[PDB]
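Using the hints provided, position chains G', A and A' with the ligands relative to the given structure of chain G.
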Amino acid sequence: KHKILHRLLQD
Amino acid sequence: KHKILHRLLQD
Amino acid sequence: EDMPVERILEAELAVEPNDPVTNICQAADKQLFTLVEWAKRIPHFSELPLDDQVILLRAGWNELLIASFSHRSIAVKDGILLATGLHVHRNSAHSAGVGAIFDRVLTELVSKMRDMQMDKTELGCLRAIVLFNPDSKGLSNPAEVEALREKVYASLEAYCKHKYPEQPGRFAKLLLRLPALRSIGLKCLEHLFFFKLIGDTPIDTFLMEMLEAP
Amino acid sequence: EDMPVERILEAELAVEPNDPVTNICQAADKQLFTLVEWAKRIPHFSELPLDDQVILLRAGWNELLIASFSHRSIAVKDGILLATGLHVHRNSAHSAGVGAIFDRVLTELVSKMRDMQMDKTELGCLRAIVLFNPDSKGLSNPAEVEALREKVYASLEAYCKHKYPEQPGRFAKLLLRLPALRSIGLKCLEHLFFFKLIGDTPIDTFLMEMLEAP
Ligand SMILES: CC(=C/C=C/C(C)=C/C(=O)O)/C=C1\CCCCc2ccccc21
Ligand SMILES: CC(=C/C=C/C(C)=C/C(=O)O)/C=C1\CCCCc2ccccc21
Numbered sequence: 471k472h473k474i475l476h477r478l479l480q481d
Numbered sequence: 471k472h473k474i475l476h477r478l479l480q481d
Numbered sequence: 228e229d230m231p232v233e234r235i236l237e238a239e240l241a242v243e244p262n263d264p265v266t267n268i269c270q271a272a273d274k275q276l277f278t279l280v281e282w283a284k285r286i287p288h289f290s291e292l293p294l295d296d297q298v299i300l301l302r303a304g305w306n307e308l309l310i311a312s313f314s315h316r317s318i319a320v321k322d323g324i325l326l327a328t329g330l331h332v333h334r335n336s337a338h339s340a341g342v343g344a345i346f347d348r349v350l351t352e353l354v355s356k357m358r359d360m361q362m363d364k365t366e367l368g369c370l371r372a373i374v375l376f377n378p379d380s381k382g383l384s385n386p387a388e389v390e391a392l393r394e395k396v397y398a399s400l401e402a403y404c405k406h407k408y409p410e411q412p413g414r415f416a417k418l419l420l421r422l423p424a425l426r427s428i429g430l431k432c433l434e435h436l437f438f439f440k441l442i443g444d445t446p447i448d449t450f451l452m453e454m455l456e457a458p
Numbered sequence: 228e229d230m231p232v233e234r235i236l237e238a239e240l241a242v243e244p262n263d264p265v266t267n268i269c270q271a272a273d274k275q276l277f278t279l280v281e282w283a284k285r286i287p288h289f290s291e292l293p294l295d296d297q298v299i300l301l302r303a304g305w306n307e308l309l310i311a312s313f314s315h316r317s318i319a320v321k322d323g324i325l326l327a328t329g330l331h332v333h334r335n336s337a338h339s340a341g342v343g344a345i346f347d348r349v350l351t352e353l354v355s356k357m358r359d360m361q362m363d364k365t366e367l368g369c370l371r372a373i374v375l376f377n378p379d380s381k382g383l384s385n386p387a388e389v390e391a392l393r394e395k396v397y398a399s400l401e402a403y404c405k406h407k408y409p410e411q412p413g414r415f416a417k418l419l420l421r422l423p424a425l426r427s428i429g430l431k432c433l434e435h436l437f438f439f440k441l442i443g444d445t446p447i448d449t450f451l452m453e454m455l456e457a458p
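Residue numbers (the authors' numbering), protein chains in the order written: chain G, 471 to 481; chain G', 471 to 481; chain A, 228 to 244, 262 to 458; chain A', 228 to 244, 262 to 458. A prime marks a further copy of an entry chain.
Chain G with its partners taken away, still in its complex shape:
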């Protein structure tokens, strides 16, 4: 879950 949020935080 929280797929998008994680991606934006890692980049």
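Heads up, a few of these hints could be off.
Calculated pairs, DSSO-like style, for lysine-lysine (alpha carbon to alpha carbon, straight line, at most 30 Å) [what the hints assert, rightly or not]: (1) A:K395 - A':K417; (2) A:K395 - A:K407; (3) A':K395 - A:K356; (4) A':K431 - A':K381; (5) A:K407 - A':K395.
The set of hints was computed from the structure by calculation and includes no laboratory data.
Then chains G', A and A' with the ligands, alone, in the frame of chain G:
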């Protein structure tokens, strides 16, 4: 409305 | 100005020396009477027009009472202490279906009050600020209520920066529990409205009056 | 310590240079991306474990965004300014069925921000404090998040008692909008959950993700 509240405030 | 922390502390000392949910509702009705006397003991509160006194109390009664039984529960293990003199343990509240909110009360309020050792004088000023809610809808003179709110936390900060000089962030830390109190105050209210709807859980006259309209 | 108000202000300047409800939901989805970049610009925020960064943002995204468009709307007559560049007048919001909440936003937030002339540096620190919510459920180290929150308002107070010496109660007055922001943040959330349930009102992917579980 607020019958009780008014009474306690006036006393 | 003209809002001494001594008058506030006295107000706090003057009022306070089977279903866990039922016992809580009964204790809430009981404290609603004491809340009025308390407010009357708060400086300049009685100088406001009766109608405005009604609006302020009906607006914050829930947060004013939750804060009080929490502070009183600071010594309790895992639960709270009711004005009636009964203890409500976390397991008990959990088995009643209100474990989620209860935990938030122990975690965000009781525990936090215990860790910083909030004193009665600090508790009082905080409730006074809650009482003086200028955002209350209907106030005939919000700016006036606003003026009193500022005088309260003006005395509180002075009190803190004089009683706990070593803790310069104590004042802010006290005000930083209001957001949680507002949040928890609202959730508790939802529960009360549900209990009333369902039918079970006896609700006394004064508690019932507070759940009126608006 | 090690939490300068300059870094915070920069974060605020870096991110920001027909149904009124739909336009608002679209603007909310849009700002959710900018919110992450913003947070990353907040000191020590990125040093927290990814999972904790997720919890903090998902916990305050609603209050962080409501505060921002309100402050941005300080110059607006009777309404708010959306990031998309659209204006939502009070009459328009009223005709959409969200007039009650909208009024609370103009009265308790926008108007109050305008009267005291809250500056961007003050806005930033306030959002930073909201971001650093130690009460967030799931945090691997709440005490740590707590430490950062205290450093933020420690700088804010210093900023205030240096920028507005004549207003000794400015600091407290700033923190005294958080309770209202928490309250309004919750009501807005209820609306979003209802809109999603009903079906009408298009909700984008990122906004949709935020309305997940928990
Ligand atoms: C709104 C309320 C007033 C509290 C009254 C007391 C306890 C007064 C005193 O005894 O000091 C708090 C309530 C009642 C509604 C159900 C939800 C709830 C869950 C857990 C704990 C409390 C509450
Ligand atoms: C939760 C929310 C995010 C705001 C997003 C924006 C506007 C961002 C920007 O454009 O800056 C606020 C909402 C959306 C849900 C409906 C209730 C509501 C009523 C009145 C005003 C706003 C809201």
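Task: Hint numbers not upheld by this structure, sorted from lowest to highest - done: none
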